[PDB]
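Single chain ahead, by itself, as structure tokens, in the form solved without this ligand.
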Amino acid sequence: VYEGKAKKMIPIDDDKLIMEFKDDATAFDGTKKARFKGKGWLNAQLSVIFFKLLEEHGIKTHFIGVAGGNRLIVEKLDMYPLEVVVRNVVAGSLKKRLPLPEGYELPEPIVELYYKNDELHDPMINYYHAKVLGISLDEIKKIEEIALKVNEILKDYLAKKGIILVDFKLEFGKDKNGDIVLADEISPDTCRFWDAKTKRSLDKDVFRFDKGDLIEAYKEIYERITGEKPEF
């Protein structure tokens, strides 16, 4: 059993594991910490909806099934040590890299690669760093191609629900066939979602910058997407 900041990973056999979503939330390299009753449930359910949508569009994900509420069954993968960030609208750390205001609409998507490494606080890397880390150029290109395809599908789907997909973080791993498979989660923890009309955050930024009620914000996302009220 691996216990992370947001989730628990419980081995089943050699082929699969249980991904359990906790109520814990962290920010700022994990220096800001809180708990939000029902957060795990919402993130689990939204991950499921997103993975299923993406699977219908021919994206290979680790999603296998549900294991009752806060737990997903997922394929075990040899993980790439990357966080792959896709950005449509300027926000967060991008403001420190390009002299563009928050809300600036990008002419095309930006993909950023981050090296998952706590010693180094997850630095941004490029393709040459990735190669030194054992990730070939073809693997990187395949990964960015998938991320960009995921972007189009999620942003289209969300725009039709009055939600702007500002940016989001993905993780990937390799399966036993050597195929690149989308992993981890897709939730208001790992994406920026803005209301189309008011431009307000319906995501982890509410917690990051004390913008109000996180659970309310995560509920509103769930309701706008499912059309139903959360049961917890």
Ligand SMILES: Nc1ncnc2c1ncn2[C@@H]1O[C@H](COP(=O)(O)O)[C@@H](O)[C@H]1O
Contents of the next structure:
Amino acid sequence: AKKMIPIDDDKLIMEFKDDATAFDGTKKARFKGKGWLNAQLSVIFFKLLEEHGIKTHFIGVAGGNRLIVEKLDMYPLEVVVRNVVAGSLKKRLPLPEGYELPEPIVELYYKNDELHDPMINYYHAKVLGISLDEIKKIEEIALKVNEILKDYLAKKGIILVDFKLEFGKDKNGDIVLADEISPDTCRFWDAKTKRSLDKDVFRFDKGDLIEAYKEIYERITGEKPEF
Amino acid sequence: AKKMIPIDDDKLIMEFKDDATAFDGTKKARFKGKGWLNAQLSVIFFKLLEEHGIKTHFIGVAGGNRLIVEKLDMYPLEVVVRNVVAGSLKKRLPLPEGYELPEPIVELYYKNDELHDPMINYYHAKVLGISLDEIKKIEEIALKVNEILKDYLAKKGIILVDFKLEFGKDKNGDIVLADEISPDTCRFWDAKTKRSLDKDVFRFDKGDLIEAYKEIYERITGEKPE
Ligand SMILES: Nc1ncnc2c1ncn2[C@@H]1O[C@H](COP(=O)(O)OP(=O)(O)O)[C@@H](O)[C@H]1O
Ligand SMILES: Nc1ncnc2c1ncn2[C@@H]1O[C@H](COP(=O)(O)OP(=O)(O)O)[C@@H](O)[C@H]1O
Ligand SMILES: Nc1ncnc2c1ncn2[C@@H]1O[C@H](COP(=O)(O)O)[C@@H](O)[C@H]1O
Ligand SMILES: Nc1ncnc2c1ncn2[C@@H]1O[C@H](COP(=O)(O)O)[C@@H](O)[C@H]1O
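With the form solved without this ligand already on screen, would you show the form deposited with this ligand bound?
To see the whole picture, the full complex is given below, headed by that same chain.
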């Protein structure tokens, strides 16, 4: 759902598309406005994190659905942080969907579509060339990010249930938060009703996608989506 | 503003009074309902914390303004946690009142009225007989308590600006959260307006005390104070 367009050796344009894809592309659709919503939400989040001293790849905006980002040497990881039991965590722990976890959980997955993104631990990560030291930096950043996003969204009646992050190395060798932060890459639930306000609405046809994404945007900004 | 009444070698009664005192007792008053409100708010906070596995001195209630607590060998400390610049932090950092800190700040004060509770570091703590190991336990508990209280209050439109905790050792030698947790010992601001809902209302005559404390209570319980 993104187009990455190289500017040069140190920066690129991340363009958000209106395509919605799930279950390995066996389920596809297009939602007018999704790209714009996701881009804008990414901006909001990256700036919010940046304000707390989190280093992110965000440089600026170049149109409604286009972000300018620093080019990174990417870690071959999905870094997942989980506050409430949902999705695949139900297959790992003996706990009901909706269960509030006493502490956030960080899972690492190997970014590899052919292997369908398997979960890995610190030993696997070393084999893939990621030192124990980098891993603990990554996890520390991820937990910090989790706390800022969770607390921000909670004040607006949104539960941050879980989410996926990606990281890379910049020119200086610092670890930098990358990719996107949107309802495509997080589970957001309404605090009162516990309805999904994210891609699960598409994955399991539980409602109107553009509607839920608008709802997130409206709650955060206090303003109906422009486009 | 509290009366500590020994039951035996392991328990005591903490009684909350309606007396309000500030600036070393040079500014005193009484507010009908304060003790009750403070006691009840302490109950709510201690049980909330106990629900997260924080060990506290809270045993139970013995009337509207009386708590039954475990007797502890107390650390001679105020352990202050700060999320938002206010009060004496303005005199330490070059930052405006209301400034949101990137991380929470933990400060240690030596509990001693004659010295007016001076700030200390880990070296002073050791002199006062507190090991580096205890200090880090204390600080890890304080940071935990901060995150639970801050998140809980935030959902209710209350900013946990800063607060003071006290700790003691029980029979087993575990570190136990003690004293009280009320608008007497924390700074609470309304999220929208940023007005004080705590003892700063009394300290600096910025409004009606019983009103602000009731506000806190009502927001937390969803019910007017009984
Ligand atoms: N700052 C960055 N530098 C280099 N690569 C990035 C950066 N941010 C994201 N990427 C990578 O670009 C790709 C974004 O493509 P996307 O549309 O999310 O689909 P896919 O996961 O199929 O690649 C991902 O591979 C992501 O890891
Ligand atoms: N569980 C406990 N066991 C023993 N002492 C405690 C416990 N909780 C609080 N204390 C102490 O009881 C005293 C109550 O003091 P208080 O009346 O609040 O005013 P001050 O702090 O000015 O003495 C304090 O010295 C406090 O440190
Ligand atoms: N490949 C991916 N792309 C986008 N988001 C993901 C991906 N993998 C996991 N997530 C997010 O990570 C969280 C946990 O997902 P799951 O492991 O499917 O239960 C959810 O918020 C997902 O949206
Ligand atoms: N001696 C004390 N009694 C009660 N509360 C205190 C005391 N010292 C500090 N605090 C609390 O800790 C926070 C920081 O206080 P200060 O350093 O005075 O700005 C405030 O919320 C105070 O209410």
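Take the two forms, superpose them, and find the largest set of C-alpha atoms that agree within 1.5 Å; that set is the rigid core. Residue numbers count along the first chain shown, from 1. Shifts are known only where both forms have a C-alpha.
Relative to the superposed rigid core, the position of the CA of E56 differs between these two forms by less than 2 Å. Superposition on the rigid core between these two forms places the CA atom of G30 2 Å or more away from its counterpart. On core superposition, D15 has its C-alpha offset by 1.1 angstrom between these two forms. In the core-superposed comparison between these two forms, the CA atom of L113 travels 0.2 Å.
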